[PDB]
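Read the single chain below, which is given as structure tokens and is the form deposited in one PDB entry.
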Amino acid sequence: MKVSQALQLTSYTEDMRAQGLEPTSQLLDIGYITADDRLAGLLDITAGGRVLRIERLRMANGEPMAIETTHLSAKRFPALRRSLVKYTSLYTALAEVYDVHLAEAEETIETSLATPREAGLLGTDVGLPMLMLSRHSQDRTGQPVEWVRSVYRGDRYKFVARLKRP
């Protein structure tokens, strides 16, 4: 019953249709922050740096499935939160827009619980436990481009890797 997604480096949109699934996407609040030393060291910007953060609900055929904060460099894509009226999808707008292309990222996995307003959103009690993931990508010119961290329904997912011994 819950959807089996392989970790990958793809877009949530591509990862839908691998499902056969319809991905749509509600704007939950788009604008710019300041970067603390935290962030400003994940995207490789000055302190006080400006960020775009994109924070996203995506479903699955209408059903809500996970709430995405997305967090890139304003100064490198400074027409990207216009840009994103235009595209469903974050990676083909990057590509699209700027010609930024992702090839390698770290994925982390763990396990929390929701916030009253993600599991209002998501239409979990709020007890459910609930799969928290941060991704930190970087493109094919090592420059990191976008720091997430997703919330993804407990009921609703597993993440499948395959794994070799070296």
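Here, rigid core means the biggest group of C-alpha atoms that superpose within 1.5 Å across both forms. Positions refer to the first chain, counted from 1. First, how it differs from the form deposited in another entry.
- Remark: with the core as the superposition reference, the CA shift of residue 158 between the two forms stays below 2 Å.
- With the core held fixed, the Cα of residue 148 is displaced between the two forms by less than 2 Å.
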Second form
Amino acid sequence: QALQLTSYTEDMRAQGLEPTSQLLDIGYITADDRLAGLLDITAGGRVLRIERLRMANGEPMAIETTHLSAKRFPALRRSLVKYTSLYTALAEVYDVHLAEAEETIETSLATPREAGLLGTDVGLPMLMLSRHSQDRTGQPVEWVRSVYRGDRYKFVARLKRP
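The structure above corresponds to the form deposited in one PDB entry; please provide the structure of the form deposited in another entry.
All you get below is the one chain by itself.
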């Protein structure tokens, strides 16, 4: 609670590595109840889904899948090409800024496709990150699910106790 909401780029530089990305896929899907609840939209609502391959020192590091309300951000898909960053896009196009988020850390095995994209096998433990962010108006902005190579990644938290 009350930790530092750091995006992918900073968490890599705060770890020595040089971050880069590659869009794998982008498109609209239909929200089931679970996703609808997380984005505060109605079930059946349209969701923009972005899938990116994250790299560091040139090699595959993570697959990052971001979900957002298409209804709220109907021109975001088109605008994303203009930008280096989803969050730049949200700030400049929609004046939306992340304020707070709940991050979940788990470990799991990769799917066959994931293993292929990350140059690992399906027996390597992977770090699974989920992130549920809200904006400065206290609305949910995104639900993010990422799979990190377990041999190459660690996540560091600085904790304090009052």
